[PDB]
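**Q** As a plain string of letters, each chain reads:
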Amino acid sequence: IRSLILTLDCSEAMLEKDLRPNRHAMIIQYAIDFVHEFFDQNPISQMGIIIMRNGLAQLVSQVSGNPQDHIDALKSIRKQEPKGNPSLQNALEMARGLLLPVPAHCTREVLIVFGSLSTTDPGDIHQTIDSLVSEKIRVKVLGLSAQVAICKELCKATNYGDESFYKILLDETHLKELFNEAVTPXXXXXXXXXXXXXXXXXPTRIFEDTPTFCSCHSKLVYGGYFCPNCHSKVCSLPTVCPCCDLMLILXXXXXXXXXXXXXXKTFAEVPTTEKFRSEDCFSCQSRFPXXXXXXXXXXXXXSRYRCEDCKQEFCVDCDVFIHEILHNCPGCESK
Amino acid sequence: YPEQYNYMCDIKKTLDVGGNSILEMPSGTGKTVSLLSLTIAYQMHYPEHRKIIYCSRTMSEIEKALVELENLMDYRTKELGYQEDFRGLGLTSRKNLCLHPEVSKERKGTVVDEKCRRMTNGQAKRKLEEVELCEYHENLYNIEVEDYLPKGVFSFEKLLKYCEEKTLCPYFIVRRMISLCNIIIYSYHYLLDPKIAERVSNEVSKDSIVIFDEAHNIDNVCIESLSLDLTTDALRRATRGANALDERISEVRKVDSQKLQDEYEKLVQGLXXXXXXXXXXXXXXXXXXXXXXXXXXXXXXXXXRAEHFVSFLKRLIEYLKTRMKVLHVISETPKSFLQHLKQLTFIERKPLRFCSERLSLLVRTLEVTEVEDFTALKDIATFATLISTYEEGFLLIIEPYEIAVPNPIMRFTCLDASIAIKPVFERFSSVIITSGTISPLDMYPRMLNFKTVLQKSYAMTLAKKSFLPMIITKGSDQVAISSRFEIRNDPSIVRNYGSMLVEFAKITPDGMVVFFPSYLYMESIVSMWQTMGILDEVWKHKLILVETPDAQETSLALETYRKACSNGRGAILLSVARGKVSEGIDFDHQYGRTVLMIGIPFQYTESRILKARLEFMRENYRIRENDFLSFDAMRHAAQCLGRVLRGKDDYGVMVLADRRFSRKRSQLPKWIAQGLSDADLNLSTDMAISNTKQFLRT
Ligand code: SF4
Ligand SMILES: [Zn+2]
Ligand SMILES: [Zn+2]
Ligand SMILES: [Zn+2]
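Those sequence lines, one after another, are chains A and B. Here the first sequence is numbered in the working numbering, starting from 1 and rising by one per residue. Here the second sequence is numbered in the working numbering, starting from 1 and rising by one per residue.
Hints may contain errors.
Below 27 Å or equal to it, Euclidean Cα-Cα: the simulated DSS-like pairs (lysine-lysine) are [said to hold, decoys possible]:
hint	chain 1	residue 1	chain 2	residue 2
1	B	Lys542	A	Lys167
2	B	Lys506	A	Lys152
3	A	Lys152	B	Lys611
4	A	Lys156	B	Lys465
5	B	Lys506	A	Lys17
To be clear about the criterion: a stretch of chain A counts as covered by chain B if any three or more of its residues have a C-beta under 8 Å from a C-beta of chain B, and this derived list gives those stretches [what the hints assert, rightly or not]:
hint	region
6	212 to 222
7	278 to 286
These are computed hints drawn from the structure, not numbers from a lab. The C-beta atom is built at its ideal place from N, Cα and C for all residues, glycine as well.
Just chain A, same shape as in the assembly:
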């Protein structure tokens, strides 16, 4: 569904001592964690890692849905020293070369981790910006410390003229938060066009391994997925079958679809003196006063959470928990 291109800054400016021990190692590690979370909340999505080193853009992880390739590609960067200077234009041109074969019904995202305060580009970057906006490519830049006007014009131009995507990071925790923000999709207002895709297989799991089989690598396996079209037994991933080009999805597509469908209804905070109901939680059992800062003014007040779709009481930890995972409110299942 999504096609994100992770462009990490790997130049001499990354050798400075801001993060611990340096910016490069923390960006690599947090990039590995970003690969984990991204492939955990986006199963049938694509990733591609490019680095900006030695004044050039170097593709280190081809566009694929297997996280292990990105993990190894990120492990190879921390064993070398980030030298040279960053090149935004070359990275955006190569990102274009990786996002052009992507179908129009799939989003094209480019996430740039920019630590330096200056880039080294051959040609005019504004023409590359015009090319990015023309072919519809959403660009998000996580810059370090001071702002760059080119990043403002790029993030604003690549998002329907709206500026709210050039995120400034000031610490490791902030960078973690931005990473987390790139996991979640962005249902923007769009420009109203047509959408649909067709042909998505569902596999049958083969447990046989006495003679083994493989139609994508011709190697030994312990069992493999079955294509309902070309009838090939390949390595197991819910992505595209490489023998006739169609998906092999299962309950994962339903999972991410329902995750994108979650309304996440925050329960209204109503004091016990206003609800006139005993302290109760419907997901567990709560006899704990929430408020008690003062004497009888706060202890006898407390806070009861309310789901209005069923008029039920809950405590805060369960509102947070059902906001993180699970469908909202067990009381909405009983009528």
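We have chain A; now place chain B with the ligands onto it with these hints.
**A** Frame of chain A, contents of chain B with the ligands only:
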């Protein structure tokens, strides 16, 4: 916005009551206030009563006033849907408002008015007894051209293109449209010009509102109205000019002497008044401002002709050569110099009336006039008009001999500036005086005596977006003392200061503009700096304003700055606060987000002019040895402070060195004094806080 609305109320009450007001506007947010306040103030009375007389110091402010005036026209025409009599006349440079010198001359010098006088004389000569007319003429005085402006705004650029399309000349359109009483946007060198202020004063016909914009260099303009340096070469040009006058005497006495006798009779009968009342569209000469001079009944050399004027003129220039060939140090009192001249030869105190008339007579007898000789005759004529009149505060001075070859110079020192500004307080009223680089605003009631009201800036909010720190400790506190001398001392300490500039420029690579008190430090650090990594890592290239500034060089440096900042590169702008181009166009990240100041501004001392004006102001206001090292430097530093402020939506930081800055005020007096190394990390945090508070305060 309420802050600017308070200034709107102040402009309203001062326009309705007071005759003059000293209004202090915040830098970057006070240009669009008076432009609408004046128009609405004109509409509340009745549509056509007083007119906007906006006065700026540069042409960029004139263009900004023109485009903002167009924003006023669109603003008033998009909210009501009714079309009114449009105003707005752009009075710019003569070379930039003419089309013929770009077709054949291909020059942008100051002699375009001479060629325009050749074309005008061609028109007059093809309308009298006979070069071509020009490009297009004889239709610039008609009603249609007089109505092309009130029906549609055509100012400067729109007037240049409109004249290039409609086949017209913009000079006569503007000149004929000064009497139309539109919104004229000219500079201070035109309101107080000993050659332009007379005609403008006769065409505007007074009864308007004058707007002194950025009125902080008014004393500088009043000083620049005189002081002409006689550097021995003007004596040779005056000698060759006298020889040319003798040749012209032989020519008019050779065959055609009837016109000289007829014009001579016009002088004996109707004098200078009739001579200037008969001629129309003829080139004029210089004059010590006739409205300020007030001298009538100009007799033509005690009723004499031209041979006597060139004889007494040869004696006068020879006396000048005699007074310029002396020992070395000598000061002149203009009265004692006139008395000594009378002791050498009697000529009385009337060579002024003898120049203003004889120059016009020669013009009326000349058809092929040489430019250098006539120019030298105009210089000697001005010197005569200013040794014959205007003596109170005037001080003739001779430059000492310092080798003695490059030396014979004679400069005249002007008089009190209050005299020069004076006529506007009888011609006009409710003259609004606005400036964003005035602090304190008490040196304008003191120096230049006039009764007015004082209104200071009352706008100060969002202090977290206007980082204003100052640097005192440079790691050793040894460059802040050596950077205050007229001549630099200990070059190694200056090299250490430059190294501190390399470290500071490396810490904050996001557009840097550095201002220097003089070009000596720049030329000393640019010769051999022992370092260049800032140009090799963060700045790619450096921008240096030449000690001899050039228009195309400065333009290519500014465009290079905008393109360098629009490519994510940045460049250090090593400029001088005392140099050319004070700038004023910001409101963008293309300008230097961080501005560096090398100490405090300094004025060149050990000069006879600073001692003459020093003792003169000492006798006037008794502000001796105190205001010439804090007021002028305060204005020069405020010229750099005004570039940092560019609206509350933008941010910036300006680093001022030296502790002496605490002795002077500043715009937005919220400053913290700490070291420079600490200011590196402080600015490192400000470059993120300024980026975080934006979306939080919105
Ligand atoms: S009429 Fe106009 S174009 Fe011709 S010389 Fe005069 S100013 Fe220039
Ligand atoms: Zn298949
Ligand atoms: Zn609970
Ligand atoms: Zn519910």
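**Q** Look at each hint and say if it fits the structure.
**A** Verification of the hints:
1. The suggested pairing of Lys542 of chain B with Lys167 of chain A is violated, with an alpha-carbon distance near 30 Å, which exceeds 27 Å.
2. Taking the CA atoms of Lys506 of chain B and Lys152 of chain A, the gap is about 22 Å. The hint holds against a cut of 27 Å.
3. Taken as a hint, the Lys152 of chain A and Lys611 of chain B pair is broken in the structure, with Cα atoms around 54 Å apart against an allowance of 27 Å.
4. Only pairs whose Cα atoms come within 27 Å are accepted, and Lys156 of chain A paired with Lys465 of chain B is accepted, the gap being roughly 22 Å.
5. As the CA atoms of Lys506 of chain B and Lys17 of chain A are separated by approximately 15 Å, the hinted pair is consistent with the 27 Å bound.
6. Given a C-beta distance limit of less than 8 Å, the hint that chain B covers the region 212 to 222 of chain A is violated, as 0 residues qualify and 3 are needed.
7. Interface restraint, the region 278 to 286 of chain A with chain B: violated (0 residues with C-beta to C-beta distance below 8 Å; minimum three).
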